[PDB]
Amino acid sequence: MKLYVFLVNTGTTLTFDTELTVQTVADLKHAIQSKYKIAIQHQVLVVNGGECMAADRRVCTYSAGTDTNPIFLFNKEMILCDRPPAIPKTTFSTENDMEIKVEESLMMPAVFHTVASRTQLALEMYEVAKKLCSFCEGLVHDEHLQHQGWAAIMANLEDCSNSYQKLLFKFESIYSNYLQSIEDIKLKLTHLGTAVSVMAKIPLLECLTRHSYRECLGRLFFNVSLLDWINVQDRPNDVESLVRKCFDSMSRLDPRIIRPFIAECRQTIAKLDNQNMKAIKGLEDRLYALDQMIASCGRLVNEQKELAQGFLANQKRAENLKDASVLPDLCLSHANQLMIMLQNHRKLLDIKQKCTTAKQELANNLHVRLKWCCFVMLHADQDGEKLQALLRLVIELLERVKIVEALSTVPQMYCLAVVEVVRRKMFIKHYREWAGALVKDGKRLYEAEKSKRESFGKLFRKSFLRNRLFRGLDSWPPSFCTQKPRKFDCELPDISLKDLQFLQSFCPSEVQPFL
Amino acid sequence: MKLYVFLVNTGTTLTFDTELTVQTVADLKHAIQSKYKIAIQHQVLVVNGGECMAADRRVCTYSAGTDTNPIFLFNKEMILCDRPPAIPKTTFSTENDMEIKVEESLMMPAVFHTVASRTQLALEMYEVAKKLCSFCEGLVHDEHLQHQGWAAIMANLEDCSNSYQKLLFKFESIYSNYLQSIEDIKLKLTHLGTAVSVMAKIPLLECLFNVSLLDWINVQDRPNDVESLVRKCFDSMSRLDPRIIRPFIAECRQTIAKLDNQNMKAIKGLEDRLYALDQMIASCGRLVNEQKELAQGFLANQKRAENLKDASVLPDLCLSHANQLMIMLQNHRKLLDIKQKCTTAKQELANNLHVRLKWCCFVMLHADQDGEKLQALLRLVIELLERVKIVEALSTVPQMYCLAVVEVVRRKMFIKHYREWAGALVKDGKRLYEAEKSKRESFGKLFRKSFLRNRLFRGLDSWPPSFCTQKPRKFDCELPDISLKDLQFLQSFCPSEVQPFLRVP
Amino acid sequence: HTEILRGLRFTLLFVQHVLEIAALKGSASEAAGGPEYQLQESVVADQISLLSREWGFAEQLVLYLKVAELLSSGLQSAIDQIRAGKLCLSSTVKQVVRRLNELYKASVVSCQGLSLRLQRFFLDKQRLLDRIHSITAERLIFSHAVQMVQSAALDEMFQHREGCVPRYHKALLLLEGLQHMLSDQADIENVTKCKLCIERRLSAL
Amino acid sequence: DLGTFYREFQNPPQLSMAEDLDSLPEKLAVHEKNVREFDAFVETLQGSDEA
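Respectively, the protein sequence lines represent chains B, A, C and D. Just so we're aligned: the first sequence equals residues 1 to 220, 303 to 597 in the authors' numbering. Just so we're aligned: the second sequence equals residues 1 to 208, 304 to 600 in the authors' numbering. All residue numbers for the third sequence refer to the authors' numbering, where the first residue is 840 and numbers rise by one. Just so we're aligned: the fourth sequence equals residues 462 to 476, 487 to 522 in the authors' numbering.
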């Protein structure tokens, strides 16, 4: 067996050693350059099954390429060539000899010597008769491989089409979300702009020094506002930049521009789904007729080679006999038979020309169909690139929406946080006074009771009644509320009551920071 | 290595298989009785250093058994008998037959066969003298072993005497302490009588009905009640009064004084006995050396006689033989005198050790009975000095009863106050903590730990310690339910003597 | 045939000793004597006993109840063996059975009287009597025998070697009957150890 | 061996009252019955016999 590749558009099989299994797909195109020669850029290769051979894979992967299943190749440059590509015609020189010598032998009288010369002529011509439709069997391969490669590239195109359909479906789903999210983001962007306006006149307290703890003295006037901090965190983005980019993306994603593009995408889907070009009108019955004619090869051979062998044997015997009563009639009968077999041989020539003509017209229709296929491929590539870019933009919008939502509340959360932190700073004061008082009293109680109990036990330890008549005298108080509770809220910054004052009087957050 | 044991009383070597070594003292006694027919119960066994055999320790643990340091077996049978034992000898008629032949050989004329008889006689005589020397040395080394036996029993005696003297001194000191406390003990007993009279009246509360505290004290550790304790103390005081103990300790000190009789522990004439018997051993060795020399000279003279066939030589050579024979007879009688002196010295040492051991056994038995008596008296005194501690405890019982009642009622009152105090504290603590936690949880829900949780307003995730949120653990759970009513009842009924311990908050 | 008379006679002797123990437990607390007798004892110990006598009365009652049970069982055995012809009807059986009957009558009367004069004491102290685990006649008899032997040994050591023999004999005869009363094998082994030690001493004498 | 005799006797090892006293009256009734029966029998112990 051997590795094989087949060129479909020109209908040309390619023979390769099975040994080449050790080399990649790029190496296989370069092997087509090594034995044959066509520039790699022209080479488009697909397998029965439709997979477009990835350059890095080795042929061992793909389960085809044999004598009985080469891989399909296409010179898309030749396809893009305006011309209908011509036949890589083979030079069948033997036909010239056959015609010339056939006429030569026919001209001379059909005497037994001339009939023997015609017998030799038959030995040559009607034996190469087998070669003729052996070559036509090569073409028979060519034809059914053409159908198979046609189907393979159509599996490839259909795969591209389902990828296109899924991509557009996801696009229209995310845009169905955007259907309401566009007005929602308009509202939320009004909200963010409102928030930006709000951040003016709500100063970032001098408690910045404490919020950035490491700097307080560690870095060893301007009323810095919440602006120039919100955007300072996330330095490169101005937040105003966030609004600007949201508006820009909204404009590009507007249905005004988007819906016509999706209409073009739908038309691209329709063209990808063009069953008319995807099919060939009656190629199956065409190949069925070709099957009938290749069968006619064998049938007619069963006519000729029979007659030829019989004539050869009979002429040998009769000429060796030199019988004048048998040679004339038998030889002339064989001459008329040779005339009819010459008609049959020429019929071989017409069927050869007919099958080559079939090759040519299928190749021309296939040239047009590959032009359509390449146009669809290019349109699909463009549309896929654009769809991916716009999907990236849509997801950018659908993430910046959450970023805007987060950054919108920041004045509300600043107010809530400042009020809560002052509340805790005062509640800890109250709780500390409270715990101090309670612990003082509890320690007093505990020490007094412990002193009394020990001063008694010291007397009662040396007694006969201890633990025999009187029980439980060795117990102690539960030591409850005796020691100061551990710390809490020590990590809260030193925001003053005067800081809430610093805010509220001349920095309107709209009342909310009021306690 | 091989095991040997000794009967010091007579001085007979006892030899055993090594199988007894893996065995122990009791097995040693049984083996002694079985193989040598000495009763087990009569066996007193001692090692160098003065240790007496406990029946438990394996014999080798006591480092003895070799021929130079065996176990010493002292027989009670032989000390119960008044007379000293008899000692055997190595008996042979060969000595007397040899003497008779030497006397006869002196009167046998000068002929070759006579000289042959002479040389045979002398060759045998050398061996006889050698065997006499060996037997004598066996006896004398056996004596030198009887001496380590006596010294071992002396060591045991000294250890026993020191222990007995220490015990007597200890009892004398403890008895002096008791003697200076007889009046105090009697006063404490009178006080216990008073305290029992008091306890008879103090009601016993339901710490578990005309039950008094005395009845409760009585039902404890019966039938050893307080009356039994007092009478036992009085019995011991009766048994320990100095009119008995002082004479008894006088008799004891007399016992130690007789234990100090160095005239019996030390063998007088020991040094002389060694100085004489070892010198006699040296003399017998020299005598046997001369005997061997002259026997070989006899052989040489026989060699000369058999070859010098001249009739004038044999008579003179036989005169020389007669002079030599007289020399050999003198040497033989000297060796036999050495034998007699050694045997009589062994018998004399046996008798002297017999008398000294009779004295030692008597002294040791007297000291042991005195030790038993003193141990009993020490136990009496210590038990009495503990019973007086019990007596003092019982004397102070009635006061401690009232004080414990007062303490229990006060503790009930304090618990009543403490539960209220803790209830108020926990009420307030739970109120405040729940309010604060509700507010903080509300703020956490509003903040959603999302927006500025740590970026700007750092560390809002902190809570109060839940201090004073749960009530204190239980305490004073086992105290008897001594109501204030019970204390009032005791103040109503208890005698005046223990009222001051009740009339207080 | 007459060995059963040995059993009855031993029962008689043992109860005649337990009755002596009971009498000693009575009002007259057994005091010491001689010039060494501290005159303070007859004051202090006598006072305490006069204060706590009723517990001694209860001990006397349990001892009398135990001797009543012993005599009842012994006489029931004698009754059965006389009725069945297993025991000789006359001769020495007469005197032993009649003496057992006399002692039984005395014991029944004594325990009835002590119950009558302790009825009030029991009704008063019942609340305390629950906590105390009942003191049994076996404990009392064993303790009395042990203390008798200890006292006799002390007296013998301190030159009184003559009057000790009867005390040892009485202690031995008490323990001989005490073993038959105990059921726990540990207690029986203890009693046997003490009895065999007393036997060793008596043989030494 | 008086010494070891005492030494082991220095302290030989030792060997709800309401229940026994509650059972007491029945016990004494039983005892009275028993004494009556024993007296009634021993009154009849006048025979002659030997074994």
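Please keep in mind that the hints were generated in silico from the structure rather than gathered at the bench. Some hints could be false.
[Stated by the list, open to error] Calculated cross-link-like contacts (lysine-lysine; reagent style DSS-like; alpha-carbon spacing at most 30 angstroms):
| no. | chain 1 | residue 1 | chain 2 | residue 2 |
| --- | --- | --- | --- | --- |
| 1 | A | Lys525 | B | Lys507 |
| 2 | A | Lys544 | B | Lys522 |
| 3 | B | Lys101 | B | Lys76 |
| 4 | B | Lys327 | B | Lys188 |
| 5 | A | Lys511 | B | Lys532 |
| 6 | B | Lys566 | A | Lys534 |
| 7 | A | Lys404 | B | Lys511 |
[What the hints assert, rightly or not] Residues from chain A that keep clear of chain C, each with C-beta distances beyond 12 angstroms, as calculated:
| no. | residue |
| --- | --- |
| 8 | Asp27 |
| 9 | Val325 |
| 10 | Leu335 |
| 11 | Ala471 |
By construction, the Cβ of each residue, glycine as well, lies at the ideal position given by its N, Cα and C atoms.
Now the hints, each set against the structure:
This hinted pair checks out: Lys525 of chain A and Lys507 of chain B have alpha carbons roughly 20 angstroms apart, not beyond 30 angstroms. Under the criterion of a C-alpha separation no larger than 30 angstroms, the hint pairing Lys544 of chain A with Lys522 of chain B is inconsistent with the structure, at around 37 angstroms. A threshold of 30 angstroms between alpha carbons decides the hint, and for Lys101 of chain B with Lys76 of chain B the separation of about 44 angstroms lies outside it, so the pair is violated. Of the supplied pair hints, the one linking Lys327 of chain B and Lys188 of chain B holds, its CA atoms being roughly 14 angstroms apart against a limit of 30 angstroms.
With a CA separation close to 16 angstroms, the supplied pair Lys511 of chain A and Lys532 of chain B stays within the 30 angstroms bound. For the given pair, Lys566 of chain B sits about 24 angstroms from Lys534 of chain A by alpha-carbon distance, which is consistent with the 30 angstroms threshold. Distance hint between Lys404 of chain A and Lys511 of chain B is unfulfilled; the C-alpha atoms sit about 148 angstroms from each other, more than 30 angstroms. Listed as outside the interface, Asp27 of chain A is consistent with that label: its C-beta sits roughly 25 angstroms from the nearest C-beta of chain C, beyond the 12 angstroms cut-off.
With a least CB separation of 5 angstroms from chain C, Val325 of chain A falls inside the 12 angstroms interface cut-off, contrary to its annotation. For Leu335 of chain A, the requirement that its beta carbon stay farther than 12 angstroms from each beta carbon of chain C is not met, with the minimum near 9 angstroms. With a least CB separation of 6 angstroms from chain C, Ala471 of chain A falls inside the 12 angstroms interface cut-off, contrary to its annotation.
In this structure, the earlier hints numbered 2, 3, 7, 9, 10 and 11 are contradicted, and the remaining ones agree with it.
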